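Colleague: In case you want the letters, here they are:
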Amino acid sequence: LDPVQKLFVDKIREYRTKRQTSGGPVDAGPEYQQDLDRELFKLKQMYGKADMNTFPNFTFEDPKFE
Amino acid sequence: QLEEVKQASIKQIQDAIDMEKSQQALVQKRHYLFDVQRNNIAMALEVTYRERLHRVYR
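These protein sequence lines map, in sequence, to chains V and T. Numbering-wise, the first sequence is residues 5 to 70 according to the deposited numbering. Numbering-wise, the second sequence is residues 59 to 116 according to the deposited numbering.
Hints listed in this document are in silico derivations from the structure and should not be mistaken for laboratory results. Ideal Cβ placement from N, Cα and C applies to all residues, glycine included. Don't take every hint at face value.
Stated by the list, open to error - For each label pair, taking beta carbons as the anchor points, the in silico distance ranges come out as:
#: 1; chain 1: V; residue 1: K48; chain 2: T; residue 2: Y107; range: 27 to 35 angstroms
#: 2; chain 1: V; residue 1: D66; chain 2: T; residue 2: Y90; range: 24 to 32 angstroms
#: 3; chain 1: T; residue 1: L111; chain 2: V; residue 2: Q49; range: 53 to 61 angstroms
#: 4; chain 1: T; residue 1: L91; chain 2: V; residue 2: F45; range: 38 to 46 angstroms
#: 5; chain 1: T; residue 1: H112; chain 2: V; residue 2: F45; range: 26 to 34 angstroms
#: 6; chain 1: T; residue 1: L111; chain 2: V; residue 2: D14; range: 49 to 57 angstroms
#: 7; chain 1: V; residue 1: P29; chain 2: T; residue 2: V105; range: 25 to 33 angstroms
#: 8; chain 1: V; residue 1: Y19; chain 2: T; residue 2: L103; range: 53 to 61 angstroms
#: 9; chain 1: V; residue 1: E35; chain 2: T; residue 2: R116; range: 19 to 27 angstroms
#: 10; chain 1: V; residue 1: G27; chain 2: T; residue 2: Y107; range: 46 to 54 angstroms
#: 11; chain 1: V; residue 1: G27; chain 2: T; residue 2: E104; range: 47 to 55 angstroms
#: 12; chain 1: V; residue 1: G28; chain 2: T; residue 2: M101; range: 50 to 58 angstroms
#: 13; chain 1: T; residue 1: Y107; chain 2: V; residue 2: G33; range: 35 to 43 angstroms
Said to hold, decoys possible - Covered, in the sense of this in silico footprint (three residues per stretch, anywhere, with C-beta under 8 angstroms from a C-beta of chain V), are these stretches of chain T:
#: 14; region: 94-102
#: 15; region: 105-115
Model the full structure from these sequences, guided by the hints.
Modeller: Okay, here's the thing in structure tokens:
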């Protein structure tokens with residue numbers, strides 16, 4: 005069935021129409037960004053604000069003795 | 059007679075024993091200590107190499 009898979013089609017032609025439009029808050033309106041900023045900030049919370057985009061450096065350290 | 063002979067017999071070996079024990083003790087405990095003092099320091103060390111590999115990898 006391809007009235008069915010016309011509609012798999014029909015959405016998939018807007019797989020391509022939107023995907024080759026752009027997609028995001030695009031073909032779609034601002035809405036996405038207005039969350040997006042906050043939701044990706046939550047990801048910043050999900051890692052802590054330890055910059056998930058700077059290569060980390062590492063501890064050089066000593067425990068105690070006498 | 060017999061009293062004084064046993065008094066001497068006790069005292070002579072006594073002196074042996076207690077000194078030979080005093081020598082042996084300090085040798086052993088220190089040569090043991092020599093290495094304990096290692097072990098303390100160095101344990102710390104292996105830990106931090108172990109830890110580094112985890113720490114960076116996280």
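Colleague: Each hint: holds or not?
Modeller: Here is how each hint holds up against the structure:
1. V/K48 / T/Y107: 27 to 35 angstroms: holds, 32 angstroms
2. V/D66 / T/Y90: 24 to 32 angstroms: holds, 26 angstroms
3. T/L111 / V/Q49: 53 to 61 angstroms: violated, 28 angstroms
4. T/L91 / V/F45: 38 to 46 angstroms: violated, 58 angstroms
5. T/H112 / V/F45: 26 to 34 angstroms: At 28 angstroms between Cβs, range holds.
6. T/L111 / V/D14: 49 to 57 angstroms: holds, 54 angstroms
7. V/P29 / T/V105: 25 to 33 angstroms: Check failed, 51 angstroms falls outside 25 to 33 angstroms.
8. V/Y19 / T/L103: 53 to 61 angstroms: At 58 angstroms between Cβs, range holds.
9. V/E35 / T/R116: 19 to 27 angstroms: With Cβ atoms ~36 angstroms apart, the hint is violated.
10. V/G27 / T/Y107: 46 to 54 angstroms: At 48 angstroms between Cβs, range holds.
11. V/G27 / T/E104: 47 to 55 angstroms: holds, 53 angstroms
12. V/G28 / T/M101: 50 to 58 angstroms: holds, 55 angstroms
13. T/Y107 / V/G33: 35 to 43 angstroms: violated, 55 angstroms
14. 94-102: holds (count 3)
15. 105-115: n = 6 at 8 angstroms, threshold three: holds.
In summary, the structure is inconsistent with hints 3, 4, 7, 9 and 13 from the numbered list given earlier, while agreeing with the others.
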